[PDB]
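A single chain comes next, written as structure tokens; it is the form deposited without this ligand.
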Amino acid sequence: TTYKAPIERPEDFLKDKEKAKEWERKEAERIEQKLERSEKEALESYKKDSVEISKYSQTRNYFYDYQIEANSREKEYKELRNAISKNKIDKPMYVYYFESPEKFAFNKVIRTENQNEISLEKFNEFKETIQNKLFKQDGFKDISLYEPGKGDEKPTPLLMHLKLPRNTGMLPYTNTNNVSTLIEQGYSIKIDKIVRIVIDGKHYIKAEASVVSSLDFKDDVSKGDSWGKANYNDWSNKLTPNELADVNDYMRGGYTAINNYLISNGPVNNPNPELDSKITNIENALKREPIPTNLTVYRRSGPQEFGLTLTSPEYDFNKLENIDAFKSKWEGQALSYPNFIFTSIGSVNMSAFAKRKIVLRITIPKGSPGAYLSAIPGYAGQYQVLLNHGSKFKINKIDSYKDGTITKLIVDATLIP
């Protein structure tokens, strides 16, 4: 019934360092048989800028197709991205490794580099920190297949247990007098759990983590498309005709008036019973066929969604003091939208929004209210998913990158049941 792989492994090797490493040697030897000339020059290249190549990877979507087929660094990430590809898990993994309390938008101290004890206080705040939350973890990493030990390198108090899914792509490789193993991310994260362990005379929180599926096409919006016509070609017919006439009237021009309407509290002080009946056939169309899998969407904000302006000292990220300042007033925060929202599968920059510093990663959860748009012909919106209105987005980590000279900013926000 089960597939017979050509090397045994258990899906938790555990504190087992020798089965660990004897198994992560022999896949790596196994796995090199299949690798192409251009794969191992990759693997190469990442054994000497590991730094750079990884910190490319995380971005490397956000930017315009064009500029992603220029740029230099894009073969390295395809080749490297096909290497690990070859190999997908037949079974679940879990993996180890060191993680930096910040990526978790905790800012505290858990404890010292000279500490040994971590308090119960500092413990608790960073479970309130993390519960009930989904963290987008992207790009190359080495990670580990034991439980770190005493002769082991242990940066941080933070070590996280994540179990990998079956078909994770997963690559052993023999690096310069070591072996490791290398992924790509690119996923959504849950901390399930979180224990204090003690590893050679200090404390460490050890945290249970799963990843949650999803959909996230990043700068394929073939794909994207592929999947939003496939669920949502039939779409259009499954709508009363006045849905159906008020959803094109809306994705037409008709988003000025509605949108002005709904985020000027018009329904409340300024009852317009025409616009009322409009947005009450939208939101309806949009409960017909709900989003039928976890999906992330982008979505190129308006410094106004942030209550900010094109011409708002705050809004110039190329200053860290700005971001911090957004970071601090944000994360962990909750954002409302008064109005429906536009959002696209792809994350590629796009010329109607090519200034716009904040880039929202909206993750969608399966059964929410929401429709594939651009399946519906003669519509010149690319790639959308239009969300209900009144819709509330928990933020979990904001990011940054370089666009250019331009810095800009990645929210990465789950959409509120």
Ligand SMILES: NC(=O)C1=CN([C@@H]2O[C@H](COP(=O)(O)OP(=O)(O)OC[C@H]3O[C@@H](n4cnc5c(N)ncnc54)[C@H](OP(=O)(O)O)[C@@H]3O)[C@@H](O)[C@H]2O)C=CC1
Contents of the next structure:
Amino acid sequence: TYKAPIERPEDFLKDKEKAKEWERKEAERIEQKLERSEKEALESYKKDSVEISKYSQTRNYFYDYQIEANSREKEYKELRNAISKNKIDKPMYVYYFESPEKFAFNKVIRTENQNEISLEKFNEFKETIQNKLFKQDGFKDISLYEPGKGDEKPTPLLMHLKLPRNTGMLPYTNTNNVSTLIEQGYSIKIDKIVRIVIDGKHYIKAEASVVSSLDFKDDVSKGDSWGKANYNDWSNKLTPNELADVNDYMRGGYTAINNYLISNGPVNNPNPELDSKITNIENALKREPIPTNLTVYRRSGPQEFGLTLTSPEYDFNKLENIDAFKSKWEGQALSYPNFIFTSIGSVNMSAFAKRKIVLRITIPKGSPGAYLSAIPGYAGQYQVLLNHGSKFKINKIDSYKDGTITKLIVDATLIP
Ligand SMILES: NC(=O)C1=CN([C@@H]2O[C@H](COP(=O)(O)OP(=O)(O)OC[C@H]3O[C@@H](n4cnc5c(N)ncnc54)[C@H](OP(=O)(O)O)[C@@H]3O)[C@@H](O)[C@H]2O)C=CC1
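Next block, the form solved in complex with this ligand, ref. the form deposited without this ligand:
Let's see the whole complex now, leading with the same chain.
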């Protein structure tokens, strides 16, 4: 067992004194390990925390070149480096106030004036967050103790998150105060909710845990290394016909196959030649299932969400359309009759430049799928192909501006 340079428990609980005392000692310790470029970036964060954090959330959805060209990128990289420089040797429970809207809870838990939360609102929230996984991204300031009478409590919802071992964590001094920065970039599940009391006021204390997954985002190189490490031998695991049908599908056969599946052709107008191809691709995706929890990205178009390019509801530049889309699709299961093309990379691609929906899918361990880019000769970038007839539970929808165009990020989980 590793002896920490500055000893602490996994949870400081309500002990603000010992927490701040440890946070000050560890801010001082890490300061010494930091680079000038990193220290300078931490000074840039103090002043412009909101814009720097908003950037770190949606930076990986732009083109590879737009990332290298952005004036906010070096600052992101340095801050990322400073936090990643101090990975925790053991877990740490962190505390932060969250909006219930972060979990698609559109109802008011309790007003500022109100002290009580009703059983009705408590149970409705529990029903909303239960059996779901929500992605948490971008730079965030967190607390190392449970807030008390004297501390700032901006929402009736308190997140009590267990950050696992090797999580990047950066404690730092900001004038007289001390704070801890995390980059996030993980799936959380809320296991239990408790109605706690802080200074004669009710608060929902959400017990959250990190459900580890691979998320390469814009690091398509690291993902390509992963996919090839696991799927460089996938071709030899298939029968000559399975490989032939997989190659044919990837080399342009996908159009006839997916259109046939979307139109319910196996029932309406059966094509036995296409049915054999489908049977073979599906079996090939079941040979070596996704070995670890893997986050994939899909540039989705309007028809996938019952819309058209001419549809006024697809204009996400009008807020009313984002609200309408969120209302209709949050908490809903999205079925794909066709095989699904996804990438290990979140970056924008030339062929899907106009696609206003980014489908961020969390593939759980053991799901049918394969990294097809481990087979040369395919138009697609860093592809992972998901089985036909897959269901995606949309947990949360977020917007962002890809220049003039407002686009959506749909946080979906592949349902087994
Ligand atoms: N899209 C991506 O993020 C990725 C794509 N690729 C590559 O992109 C190329 C073309 O792929 P792509 O367009 O994604 O392939 P699809 O088979 O998914 O889509 C082709 C057409 O089908 C429609 N469509 C797709 N899914 C549905 C659905 N469930 N219901 C209704 N209509 C649907 C699309 O319309 P609409 O868009 O309006 O729904 C589109 O016009 C291939 O070479 C592939 O390898 C590779 C990796 C990732």
